[PDB]
Amino acid sequence: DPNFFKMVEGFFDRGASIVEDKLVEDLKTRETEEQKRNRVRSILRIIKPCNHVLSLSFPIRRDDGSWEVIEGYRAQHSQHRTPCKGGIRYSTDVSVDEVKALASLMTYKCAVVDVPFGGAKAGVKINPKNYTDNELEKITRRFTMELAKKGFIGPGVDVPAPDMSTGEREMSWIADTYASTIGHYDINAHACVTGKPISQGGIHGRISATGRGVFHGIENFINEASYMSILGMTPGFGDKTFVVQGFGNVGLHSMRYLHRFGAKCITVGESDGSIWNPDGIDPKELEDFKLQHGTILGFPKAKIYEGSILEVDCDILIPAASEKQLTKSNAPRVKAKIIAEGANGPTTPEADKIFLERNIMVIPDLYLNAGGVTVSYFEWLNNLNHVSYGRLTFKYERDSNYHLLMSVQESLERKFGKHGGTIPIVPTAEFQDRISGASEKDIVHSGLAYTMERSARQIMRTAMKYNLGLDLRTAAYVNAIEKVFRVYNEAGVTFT
Amino acid sequence: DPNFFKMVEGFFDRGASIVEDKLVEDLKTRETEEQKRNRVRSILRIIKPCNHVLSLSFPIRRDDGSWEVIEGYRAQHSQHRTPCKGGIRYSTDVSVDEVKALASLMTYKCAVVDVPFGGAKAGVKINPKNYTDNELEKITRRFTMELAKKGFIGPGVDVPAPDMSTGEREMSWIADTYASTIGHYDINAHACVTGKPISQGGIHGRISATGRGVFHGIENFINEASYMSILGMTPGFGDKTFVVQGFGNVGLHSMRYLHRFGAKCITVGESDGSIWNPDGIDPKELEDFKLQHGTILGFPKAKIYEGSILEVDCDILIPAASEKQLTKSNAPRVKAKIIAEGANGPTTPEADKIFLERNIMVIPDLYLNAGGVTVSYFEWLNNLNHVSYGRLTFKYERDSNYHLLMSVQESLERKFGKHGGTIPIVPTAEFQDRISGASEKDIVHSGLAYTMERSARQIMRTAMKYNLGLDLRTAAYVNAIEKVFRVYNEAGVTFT
Amino acid sequence: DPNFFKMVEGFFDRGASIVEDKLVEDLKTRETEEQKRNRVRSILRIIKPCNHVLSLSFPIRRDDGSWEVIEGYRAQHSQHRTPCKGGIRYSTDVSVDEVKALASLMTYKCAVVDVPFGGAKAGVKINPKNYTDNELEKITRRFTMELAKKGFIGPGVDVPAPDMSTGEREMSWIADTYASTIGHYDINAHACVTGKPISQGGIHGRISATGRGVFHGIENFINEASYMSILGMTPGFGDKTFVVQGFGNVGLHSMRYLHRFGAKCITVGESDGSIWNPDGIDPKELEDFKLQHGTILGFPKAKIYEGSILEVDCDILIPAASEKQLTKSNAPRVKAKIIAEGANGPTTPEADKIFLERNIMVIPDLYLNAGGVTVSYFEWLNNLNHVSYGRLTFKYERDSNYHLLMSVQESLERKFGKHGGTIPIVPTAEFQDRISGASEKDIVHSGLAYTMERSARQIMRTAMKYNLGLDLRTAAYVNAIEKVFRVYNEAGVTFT
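Line order of the protein sequences matches chains F, C and A.
Start counting the first sequence at 6; every next residue gets the next number (PDB author numbering).
Start counting the second sequence at 6; every next residue gets the next number (PDB author numbering).
Start counting the third sequence at 6; every next residue gets the next number (PDB author numbering).
These are calculated hints, taken from the structure and not from any lab test.
We put the CB at the ideal spot given by N, CA and C, even for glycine.
Hints are not guaranteed to be accurate.
Below, a sample of chain A positions facing chain C; criterion: calculated Cβ distance under 8 Å [claimed, not checked]:
| hint | residue |
| --- | --- |
| 1 | 185 |
| 2 | 391 |
| 3 | 396 |
| 4 | 420 |
Based on the sequences and whatever the hints tell you, model everything.
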């Protein structure tokens with residue numbers, strides 16, 4: 006059991022040395038050779054720490070007439086690209102030594118996916134259960150004023166986001182406090198947060214983003230014939246099983262999309278039980294079960310099978326569980342060729358060194374868990390463009406499709422249809438749903454699939470350039486460190 | 006040896022309980038009695054902590070072509086009255102746990118003297134000796150940009166100040182970086198710092214402020230016949246000795262003004278020696294000695310007398326030494342009726358409990374060391390009024406003085422001077438220097454004497470209202486806590 | 006009983022025609038003669054109306070969980086000089102047709118006293134009794150946000166003020182909502198309101214301002230030997246009586262200062278009784294009576310004497326009562342040579358036409374009731390200079406007084422004191438209190454006496470220039486209209 010901060014700090018040095026050896030050669034600057042080395046050994050010392058760490062204190066008054074002091078935090082990691090997106094975590098285990106880590110984790114998690122803005126995290130030392138709803142907006146509406154008066158919230162500086170125990174309703178209390186106190190004169194005032202409900206500028210298909218994230222991530226590696234061979238699996242999802250730990254937003258929506266392309270959910274683990282049916286599980290039925298029941302423990306159509314789900318015989322683990330969930334105590338007992346981290350840092354840094362020995366491809370959490378980080382970038386743009394995606398072009402592009410089909414029809418009917426007949430060129434029953442059911446949802450899920458795809462093909466490229474084999478995690482950080490470097494380097498890092 | 010943070014945190018609770026017992030009765034609010042108690046027990050929980058603590062990280066490049074990371078801090082204590090003044094301390098022993106203390110120390114040190122703005126402190130973990138002058142402006146000019154982009158510098162938010170190892174030249178590098186990058190559009194851009202050299206908006210007679218501070222502070226207690234009796238001394242400075250530890254800006258200028266009203270400097274202690282002559286020391290001669298010599302050790306006209314200067318037989322100790330300088334190990338060996346703290350926290354909290362037993366009046370460091378805090382408030386106004394003090398009225402008030410003397414002359418010459426004679430009513434040789442040598446210096450030293458006087462008469466009042474005897478320190482904090490309370494209370498502490 | 010709007014609209018035309026006949030001749034502009042007339046007949050059409058009238062609607066939620074809609078108003082009269090000061094009146098009789106009047110009334114009431122900013126009024130249709138204290142800040146803190154987001158509050162646009170049923174505690178709820186939502190980035194954020202309590206930037210001696218106002222106003226007319234003769238009275242307060250209607254802030258403090266210079270309060274009328282003692286009343290004793298009792302009805306040392314107090318035999322009526330309080334039904338029954346309006350529009354426009362027939366000098370409410378309008382201008386400056394008045398110069402001017410006395414002493418002791426004697430030139434027992442008890446209060450009461458004095462000597466001048474006799478009200482409006490005109494005229498009234 007390590008300290009999560011030393012993990013993310015570890016994967017930097019682990020990656021910093023690799024990239025450096027070629028990152029120096031790629032400098033056509035008019036200096037010596039040992040001053041290039043002392044420029045690359047040096048910027049990396051600047052990317053590693055956290056540039057800003059605020060620390061707050063709130064006069065909040067409970068509804069029973071009892072004042073109290075709330076302690077908060079927020080750490081902007083990198084200023085190289087503004088704004089800086091990062092969720093707000095209401096908890097009690099919040100630590101300034103942890104906010105600095107998850108802030109750094111996002112500077113790179115949104116660099117591997119070519120999302121512009123940097124990384125940040127906030128954290129409020131409150132246990133949400135102990136507060137009435139009138140008291141979680143007195144806290145939220147003042148954690149922003151105190152934080153926006155100091156340039157840590159704003160469409161061009163920081164963009165808070167949801168987190169576990171910080172839902173859709175939280176993000177309205179932030180966007181309304183900002184768009185009425187400080188951001189009033191700013192036209193983009195509602196772009197100060199993401200995850201807002203749809204009635205206030207949220208994007209559609211957001212709650213299924215990390216799901217689509219976890220999906221397209223592993224999709225681009227299952228369909229990689231140059232990796233399935235090395236592992237021992239075949240390309241494609243066909244006749245492959247997956248297992249899910251931590252049923253929830255990331256697990257549930259992942260189950261759906263994987264089960265839609267022939268995969269078979271075998272087990273579903275949670276904090277308080279375990280499920281198993283080697284014939285598979287129906288996501289919707291199990292999704293429906295937890296609605297009334299609140300806990301899948303006792304699912305009818307699948308027997309109970311307790312134990313370490315990380316031992317489950319399968320092909321694909323997907324841990325949506327807590328951080329540091331898979332460690333040496335059970336790493337030699339995976340029974341899965343591919344691990345797909347759905348949460349932040351499930352794999353302790355030792356298991357990765359084990360997994361390259363067991364010949365396991367561990368897809369990192371920088372890449373898979375990007376997910377919402379990308380739609381939370383498409384929602385920032387939605388609010389920053391003041392129009393839903395596609396409203397201007399759904400029907401202009403609908404007409405362009407009917408005319409092509411007509412143009413292909415009439416063109417044939419000159420050659421073949423001369424006999425008075427006709428060729429009713431019509432869209433399929435599928436490309437008809439795509440037309441009649443067009444929505445902003447279809448464009449979000451599209452630009453998300455493109456981001457994951459174009460990015461995975463950049464992790465692969467590095468895993469050959471530097472010959473990392475199945476060490477995709479290291480490959481991910483080398484792309485993250487290399488692209489954050491090209492922003493400091495060509496910018497005259499210091500403003501002097 | 007305590008932690009300096011627990012000292013300042015101690016004197017709050019020590020004072021918070023005393024003020025509370027009457028601070029509740031003074032509320033004519035439409036509530037119960039136990040909800041007044043739970044409003045006063047509660048605001049005090051809000052005044053005690055530090056509301057904002059930023060923490061920085063700098064890409065600074067040395068002149069030998071070697072980047073490095075500078076770590077800084079700044080803690081705004083109380084937002085009840087903007088701006089928030091606080092010095093910048095270049096050191097290596099800087100600690101975020103220490104900046105929070107000295108920030109709180111200034112919220113009260115400028116409350117006992119009715120200075121409006123709250124308290125703050127900054128700190129940069131650099132040893133100044135290891136940096137060329139071109140590298141102490143690359144640090145200073147970027148410790149402000151990084152700090153002003155986040156609303157921690159500005160004529161209406163924070164006003165940095167000088168400190169030990171942060172001289173007059175530092176404050177120009179801050180005022181020029183602000184008045185040309187961010188504060189450009191603000192007319193008051195040059196009011197963003199104090200302590201600037203006179204050629205850029207500094208006030209005259211600033212380097213002798215803490216001197217005039219230490220002076221008028223003890224003046225208002227030496228001339229208090231209701232305290233000299235209780236101690237065992239007589240009123241006035243006449244035939245009284247004082248001794249100085251830590252010769253320097255606070256010690257030197259204190260020596261001068263005290264030696265000007267009949268006091269006799271006996272010893273002068275430093276870090277590297279000790280001086281003694283029970284006939285006295287001439288300040289100017291000793292001031293001149295350290296100019297060439299750089300260290301008074303070896304002064305001709307006064308023999309060497311080594312040892313704990315805090316043992317020196319005297320009437321008035323003035324420690325300008327380090328913090329926590331006088332402790333139990335030598336507190337029963339003071340040999341001085343009056344201690345006059347010229348630095349921040351020379352007396353460990355135990356010696357005060359000893360000193361009330363030894364019957365010693367320890368004048369606090371909230372009051373005496375205010376000093377520069379008051380002229381650093383008069384310099385903020387100078388730059389905020391865009392005119393030196395008195396330029397409009399030195400000669401308009403000069404004429405009004407000549408006409409009064411003429412009016413008294415002619416009025417007599419009607420009654421007595423009828424005999425052809427005349428009565429040359431002329432100013433004294435002293436009130437002539439005051440006229441011909443009028444300057445902004447004379448108004449600064451005046452409004453400083455008024456602030457110290459009006460404030461000491463408020464410490465005295467509390468020391469009777471709550472019957473603290475010679476425990477002036479506790480009296481000082483009770484006035485500081487009571488006046489910071491009347492700002493939160495009548496303001497609807499929460500903005501909800 | 007008229008409509009109060011038609012009164013203030015009446016006194017404009019009544020004054021506009023008089024000033025015009027000379028106001029045209031005073032134009033050295035390169036135009037014709039009939040185009041000067043059509044420039045003066047025209048600007049007066051621009052000064053008369055109200056340039057801006059906002060009208061609000063609030064989602065306020067009672068503490069019993071019941072939303073409701075609050076209806077508010079605010080009318081900026083004249084933009085010729087920014088800001089625009091005007092009180093906020095919580096009532097139910099508030100009418101947009103009344104706010105426009107009292108707004109215009111202040112554009113002139115602060116023009117006769119050379120106060121720069123224009124005039125405005127606000128009004129909220131709520132009965133304050135029906136609202137808990139937690140609900141009069143939810144209203145106050147949102148009547149400002151809704152009003153400051155539209156440029157109707159701010160140190161440079163509008164400066165709200167207290168009013169009846171809008172006390173000191175209201176003005177803190179406005180200054181804190183502004184200085185934390187919108188005016189945060191403005192250094193002058195606390196100058197957005199006046200009347201704030203002393204703990205947040207209020208001026209001392211404010212609650213006794215209208216008192217000092219009513220005093221120095223009638224002082225400058227009682228001591229006018231060229232008016233007492235015409236009426237039938239003698240100069241000075243000596244052996245003269247006054248009577249007060251509407252005991253309260255304006256009546257009480259007026260009683261004190263008048264009774265201090267030999268006047269004799271005869272009666273004290275209120276809404277619910279009447280008092281009389283032709284030997285006089287002691288203000289303090291009667292002031293003390295209403296403290297416990299809450300109503301002077303039943304004062305021991307003065308018998309009850311009911312009836313229309315406006316009939317009381319006296320020399321000076323001072324109605325602090327409601328508006329339109331003295332009308333034709335009792336105007337032929339005044340029994341007072343001098344009426345001194347302490348409220349806004351006590352005299353219906355007909356009684357003035359009666360009073361010039363009865364040969365009565367009615368001092369207007371533009372001039373007397375200025376009062377607080379002047380200290381509410383000195384409090385705006387206090388907050389706008391960030392320093393209490395005199396802190397810099399109380400002791401610099403104290404020293405200049407001791408040196409003059411010493412210079413007169415020594416100068417004599419050269420001529421007379423050559424005999425070894427001495428002449429202890431010391432301040433009086435009165436000019437010693439003035440020194441030892443110097444305060445911002447003494448400067449406020451001074452600059453208030455100067456404003457009233459310099460202004461009354463301008464009403465007198467007009468009452469000769471245009472030969473209005475005892476019609477001082479018309480003289481007041483002609484000075485108000487003439488000085489508001491010289492601001493539009495020399496400014497190119499239109500911005501085209």
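| message | I'd like to know which numbered hints this structure contradicts. Please list them from smallest to largest. | response | No hint contradicted; all consistent.
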